[PDB]
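Here the complex is missing a single protein chain, while all its other protein chains stay put.
As written, the chains take the letters A, B and C, and residue 1 is the first residue of each chain.
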């Protein structure tokens, strides 16, 4: 739980509050500073609870469906990446945002990007 | 769509995706990959839009598997991002990101991307 | 030049007319059945002119900037994939569409998708 558990911020100022359970579980809340989002959204994910000891990062991923008590933007984002420990701990991710879409709009249903999370900002 | 998404799905690789869609918007179940450094079942967790649009749009969803179970650890995780489409054959169309634990020397090559489409029909 | 050179169609009905030069060059035109596009757009790309002989595909990629005489949608798409020969020849790709964007919109500037090209439809 040690390294991952806590509050993280990405380059957009979004706020990633996560708890890494002993079984490999990620649970918490996400607050996006961008897009059709307000307040907190439930997140869930998984991480490698027994990572390699050769200096490589700890692989992980999590999902947010963009529905909460206030808004439903009919979309979901998954972050795929890894936690790296050290003087400047970091969660480096790439992400996919899929929106509900008709057949005619399916080609344009998915964003890709990359978020870097640190414990500052 | 609880009753629609809940069930056993298969992708074009023959992988098996056993999922339950709770009322809260949660996805829980197991994933068995027919490809790569995997064997037997792995825990998955995810989220879905529990109140989708009624205009004919699909139902957005995602889920994550960390490739560690009691038999194997491939020090990697895959996230699938996509949507459920109901109808004559319900389908789940995804794109996915597989990130492997990497060093600074290897980090540029840490992530695969691909696309899986799931149906309920056994291969 | 043999296998790749010709007219190809993807699952959206877009039309991919390409010539594969002996030096590894891809040149031709693209006509998209989707998005802010009309008529033909210039494409250029590269392919492995000496691929492996173990049965694997021939890696390739090409770019379209979405500006022609009629329209400019301030965006560019790159397809990355490979040509596979056989009874049903195929060009299997994934693609990235980046749109010109401000700092506030950068997070949402890029689509990802996948196109499969065959010599029918």
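As a convention for this text, contacts are C-beta pairs under 8 Å (C-beta built on N, C-alpha and C of every residue); 3 or more make two chains touch, one makes a residue touch a chain.
Interface note: of B:7, B:86 or B:114, the residue touching the hidden chain in the full complex is B:114. Screening C:12, C:59 or C:108 against the full complex identifies C:59 as the residue touching the chain left out. Residues 23-26, 42-52, 54-67, 72, 74-82, 92-102, 106, 109-110, 112 of subunit C touch the missing chain (whole complex, contact as defined above).
Residues 94, 112-114 are the ones on subunit A that touch the missing chain.
Think of the hidden chain as still there; on subunit B it touches residues 13, 35-36, 97, 108-114.
Note that in this section only the chains that are shown with their structure count from here on.
One inter-chain figure worth recording: subunit B and subunit C are separated by 27 Å, centre to centre, where each centre is the mean of the chain's CA atoms.
Taken residue by residue, subunit A touches two or more other chains at 96, 110, 112, whereas all remaining positions touch fewer.
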